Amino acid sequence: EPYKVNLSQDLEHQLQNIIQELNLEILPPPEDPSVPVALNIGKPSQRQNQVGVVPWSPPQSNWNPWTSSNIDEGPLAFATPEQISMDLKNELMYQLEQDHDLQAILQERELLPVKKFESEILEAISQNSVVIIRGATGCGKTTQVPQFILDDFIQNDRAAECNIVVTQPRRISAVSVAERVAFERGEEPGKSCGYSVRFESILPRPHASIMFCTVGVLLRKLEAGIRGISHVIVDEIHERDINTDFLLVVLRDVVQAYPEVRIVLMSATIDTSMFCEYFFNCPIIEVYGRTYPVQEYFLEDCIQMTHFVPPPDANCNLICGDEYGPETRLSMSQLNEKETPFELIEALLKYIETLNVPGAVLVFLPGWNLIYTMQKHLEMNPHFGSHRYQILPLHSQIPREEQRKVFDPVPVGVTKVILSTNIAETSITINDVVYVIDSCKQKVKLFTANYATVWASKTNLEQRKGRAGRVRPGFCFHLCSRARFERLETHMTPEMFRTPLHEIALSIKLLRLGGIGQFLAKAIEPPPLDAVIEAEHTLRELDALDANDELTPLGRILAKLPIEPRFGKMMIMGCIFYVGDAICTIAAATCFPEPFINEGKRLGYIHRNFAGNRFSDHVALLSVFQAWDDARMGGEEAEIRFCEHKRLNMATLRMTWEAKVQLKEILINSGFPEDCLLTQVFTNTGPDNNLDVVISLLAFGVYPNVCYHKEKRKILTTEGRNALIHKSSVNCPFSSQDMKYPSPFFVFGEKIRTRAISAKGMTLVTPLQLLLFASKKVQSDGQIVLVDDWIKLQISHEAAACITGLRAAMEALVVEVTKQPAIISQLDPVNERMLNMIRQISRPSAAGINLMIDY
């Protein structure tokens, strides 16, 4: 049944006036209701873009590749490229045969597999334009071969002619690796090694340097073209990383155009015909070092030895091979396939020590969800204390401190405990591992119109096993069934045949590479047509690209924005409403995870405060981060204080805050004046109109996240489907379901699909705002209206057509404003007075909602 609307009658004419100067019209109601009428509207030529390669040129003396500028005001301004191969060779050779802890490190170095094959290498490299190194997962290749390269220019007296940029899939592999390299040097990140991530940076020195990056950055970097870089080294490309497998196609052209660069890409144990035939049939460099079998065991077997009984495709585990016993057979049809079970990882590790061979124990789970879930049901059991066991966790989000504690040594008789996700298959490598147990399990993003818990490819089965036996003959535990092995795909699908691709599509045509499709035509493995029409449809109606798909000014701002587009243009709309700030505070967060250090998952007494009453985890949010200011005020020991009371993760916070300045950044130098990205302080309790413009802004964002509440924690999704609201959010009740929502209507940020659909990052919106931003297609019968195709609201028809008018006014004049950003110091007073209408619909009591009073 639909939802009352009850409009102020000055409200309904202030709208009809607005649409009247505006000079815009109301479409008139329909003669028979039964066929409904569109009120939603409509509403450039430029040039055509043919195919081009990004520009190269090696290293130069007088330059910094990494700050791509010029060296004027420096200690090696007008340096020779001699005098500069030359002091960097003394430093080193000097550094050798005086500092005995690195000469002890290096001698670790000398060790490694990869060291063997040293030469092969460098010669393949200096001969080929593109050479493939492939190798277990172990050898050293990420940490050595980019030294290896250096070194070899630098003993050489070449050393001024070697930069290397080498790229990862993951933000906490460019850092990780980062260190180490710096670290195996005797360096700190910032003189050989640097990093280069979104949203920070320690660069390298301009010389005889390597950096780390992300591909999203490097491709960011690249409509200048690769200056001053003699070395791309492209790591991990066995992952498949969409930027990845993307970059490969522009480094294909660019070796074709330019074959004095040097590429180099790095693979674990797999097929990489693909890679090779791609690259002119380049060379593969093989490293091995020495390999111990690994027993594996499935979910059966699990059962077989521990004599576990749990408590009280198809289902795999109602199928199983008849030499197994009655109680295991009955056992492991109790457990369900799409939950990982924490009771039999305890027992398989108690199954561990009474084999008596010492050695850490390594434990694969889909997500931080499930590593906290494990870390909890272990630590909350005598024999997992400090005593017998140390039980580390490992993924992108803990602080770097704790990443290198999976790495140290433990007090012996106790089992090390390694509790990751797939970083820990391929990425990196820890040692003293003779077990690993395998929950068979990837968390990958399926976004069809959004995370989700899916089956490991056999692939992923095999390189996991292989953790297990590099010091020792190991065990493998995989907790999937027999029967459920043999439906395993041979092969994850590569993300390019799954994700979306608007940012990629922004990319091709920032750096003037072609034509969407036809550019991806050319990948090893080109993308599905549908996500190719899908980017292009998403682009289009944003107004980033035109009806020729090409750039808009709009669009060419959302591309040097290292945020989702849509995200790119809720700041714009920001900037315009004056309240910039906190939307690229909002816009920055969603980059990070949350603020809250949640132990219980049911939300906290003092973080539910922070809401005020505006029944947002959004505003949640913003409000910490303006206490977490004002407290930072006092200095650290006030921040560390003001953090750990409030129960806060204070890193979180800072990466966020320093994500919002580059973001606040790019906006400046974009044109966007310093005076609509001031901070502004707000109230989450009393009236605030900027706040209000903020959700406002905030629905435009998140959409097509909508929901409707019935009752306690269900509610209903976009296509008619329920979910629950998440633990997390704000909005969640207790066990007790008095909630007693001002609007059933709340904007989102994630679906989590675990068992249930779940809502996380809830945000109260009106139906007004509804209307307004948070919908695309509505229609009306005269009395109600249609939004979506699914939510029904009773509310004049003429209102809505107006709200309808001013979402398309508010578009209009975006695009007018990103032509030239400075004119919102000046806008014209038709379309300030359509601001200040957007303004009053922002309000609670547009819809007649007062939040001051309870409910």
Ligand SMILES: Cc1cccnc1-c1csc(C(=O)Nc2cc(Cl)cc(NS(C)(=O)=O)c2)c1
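Numbering follows the first chain given and starts at 1. So that the term is clear: the rigid core is the largest set of C-alpha atoms that superpose within 1.5 Å between two forms. First, how it differs from the form deposited with the named molecule bound.
Fit the rigid core and compare the CA positions between these two forms: of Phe407, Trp628, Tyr258, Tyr324, just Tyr324 moves by 2 angstroms or more.
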Second form
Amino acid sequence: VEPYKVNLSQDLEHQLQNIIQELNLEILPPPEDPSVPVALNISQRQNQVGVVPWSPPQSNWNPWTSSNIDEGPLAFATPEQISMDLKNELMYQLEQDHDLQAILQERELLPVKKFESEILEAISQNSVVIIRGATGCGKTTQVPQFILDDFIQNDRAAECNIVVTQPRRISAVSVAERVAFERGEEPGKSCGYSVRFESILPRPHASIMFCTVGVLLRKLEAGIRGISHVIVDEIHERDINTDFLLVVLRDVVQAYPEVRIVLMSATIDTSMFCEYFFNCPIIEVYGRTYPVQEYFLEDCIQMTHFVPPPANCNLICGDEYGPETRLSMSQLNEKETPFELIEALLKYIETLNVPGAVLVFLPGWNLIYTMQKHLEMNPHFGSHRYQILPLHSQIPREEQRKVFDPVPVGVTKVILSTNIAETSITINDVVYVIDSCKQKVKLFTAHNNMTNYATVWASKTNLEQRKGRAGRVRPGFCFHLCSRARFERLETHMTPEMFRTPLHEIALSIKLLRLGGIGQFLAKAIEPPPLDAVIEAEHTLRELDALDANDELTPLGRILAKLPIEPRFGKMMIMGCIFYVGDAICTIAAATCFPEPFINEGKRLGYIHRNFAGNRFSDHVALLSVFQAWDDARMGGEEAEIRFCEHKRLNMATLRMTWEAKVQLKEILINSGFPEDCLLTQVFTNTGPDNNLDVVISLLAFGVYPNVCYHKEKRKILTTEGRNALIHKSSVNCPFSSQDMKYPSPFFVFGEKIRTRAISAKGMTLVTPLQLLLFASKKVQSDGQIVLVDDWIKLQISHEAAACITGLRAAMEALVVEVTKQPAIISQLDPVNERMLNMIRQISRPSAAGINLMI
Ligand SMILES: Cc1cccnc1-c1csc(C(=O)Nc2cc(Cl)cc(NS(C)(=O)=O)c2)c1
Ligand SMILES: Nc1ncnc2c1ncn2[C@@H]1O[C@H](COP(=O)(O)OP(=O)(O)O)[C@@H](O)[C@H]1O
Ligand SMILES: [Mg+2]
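Compare with the form deposited without the named molecule: the form deposited with the named molecule bound:
Entire complex below, previous chain first.
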């Protein structure tokens, strides 16, 4: 499209030239001929292979707080006292609690129970152990208890502190709350969880800490201090952080052979892990399972006499089935889930007349919420006959526990669940399974910066373990919604995350923990990542100045490594602190770790939701506005909060988690030397002119880069690549069917590129051309009249202004490096550097680009 004109005032034009002359930067001269455009865009230490240090549990050391015990009963108490005190407390609890006895009886029926003696024997004599058994035997909930009680009953409760790693956030919290119940406790006594931005630490001795691997790695700066056993759960799922930890722990096992690693896996080939850990023993666990009659899409269409509404493996069909079964299946698009058939399959399950729950496997939040409303709109699937419980990570823990509840007699329990119900948790009374045969994976391509949340085909392993969910109670049934032809064009195993995930967050961990070369360390992985991913990670971190030319951790990189956030968002927060808008930026950063706090239900945003935006045309401004209004409503107590959150249609749980995350991000910046006065909550207006919010949007543009786009007409936008895309339906910038939005700038930075039959941009914020050139661009080529931004945008703007705004970028990044050496210096900055920040504040203003949002 034709270049967008930028109306820079003459006063601003000269101010930019002044500060560049004061900063001792030259204006790169124009090109001799417009044909050749000039580009305006402008330690000696090494590490060796070291091991993470280890030490066993002490009496006076708290492993969770990583501190000494000076005051309290266990201050200077002996290991022998503690051992008896905890034993006597447990032995008294068991005989005085008839409710705990009933629970302790349920435990001793679990298939894993009859292997207890063997597991304890293996772990006691061998460093590393693999506990292999079918999903639902009780590996996760019982093994850590067997190990703890074995030390308690034998008067060694002081010599036991267990770490249990889980792949998912909800697994670590659920299991903590479940094992707590199984000991008649709440989390905080002998059982605790530690996840990103949430923790209930357990007691200092005879304790189990359930956690995500990410948390554990961030706490290993000091080393594995005061831990006897490290249990790595659900290794078969091949979480990238789990794979990485197994590299770290194998080095720990070798240097400190007294430590006790315990790997626990579903029914897969564990030779790869066995060989990796020096041919360690494999304890086989198993209970009674029933043969499950497995059906494919052909069987499902024939048994139900189904007819769909008005390469592809549906066009291929077995010749042993009926003619109409062939013709019906043909009309089903395999890149959809057959919603109407699942509804018809539920009806068939009734006709069989054998009471049991139906576990439906769907990919992601989107298709489960679609399946739910689809059913409930049919009165037949009401409370009278049916109980439809959704099961994904983003549900409240109130509703996640309701899947385990028995239902009233003559009612069917249908679980619309994700891959969480595959191997992580087992549901009881499951006789029926409907497998969509799909997975939702986070595929990232760094060349165009596309976050592809794609629905892809599951493996034979997945189908085999999804089938196994039906055969725990009685002879079950599994309904695969994939052709017999498709089952052949399916892989044996899924691509492990290590092969298809960005490694820059693992690369910082490697350097922070001082484990040597990024490539050197990652070469020791059980299945090393692709070369191009390691090169990309090293390049990305060198660009941010997180690493130097020798690939060693800079003072900036050290901060980014300690922040549990995308390194680029980490740098955005550091810059926020220099501009004294740290709190706002910490809020924005935190918000990216949780779902949108707005309850939309799929439909476009109403008045209430859009009113938070103001005149800024920003989902990010809307989010900050919600937090300013919600934080005020909190002062009226817990009930006033619930009334505000329900009146405005906000997820109160999401706002609380985000705020707690913001406080923890703020905490790490303080500990890094940043002053508190640059992180104080500041009042702002989302309609009136506000210079603090102008800067916040500028630093936002830096953060989400290279997610920039240009608006065409209606919902159509063109991306960084120069390809057409759509404004997401959930955005405040998304118009209604008719009324076209007159945007005062066609430019937008945004959060992520959700791919669904097209390119859609979610979490959109309006930016001015000055912000584009300053923070939201790398390559800028000028021909004297027209500048070319990243070879996809042309601006009819002054050559001197473009070179000067590009000057400020380099000046700003130069200041960040100087600030990260001693963050205290942001309070007392050089007069020239304060004048450079004031000039960034100036071009941040809408007025500086000839725009008035009020009009
Ligand atoms: C609340 C508080 C007050 C003071 C200090 N710290 C915390 C805290 C918040 S979260 C947390 C944690 O996650 N600690 C933690 C987890 C894991 Cl998984 C292991 C180990 N111990 S170690 C390194 O492995 O020896 C330790 C501690
Ligand atoms: N929150 C819970 N509510 C009810 N039962 C549960 C809960 N968590 C686990 N269980 C039960 O514990 C048993 C084993 O669970 P788990 O330890 O996760 O097994 P594994 O890790 O071997 O697959 C199952 O019968 C399951 O139903
Ligand atoms: Mg398990």
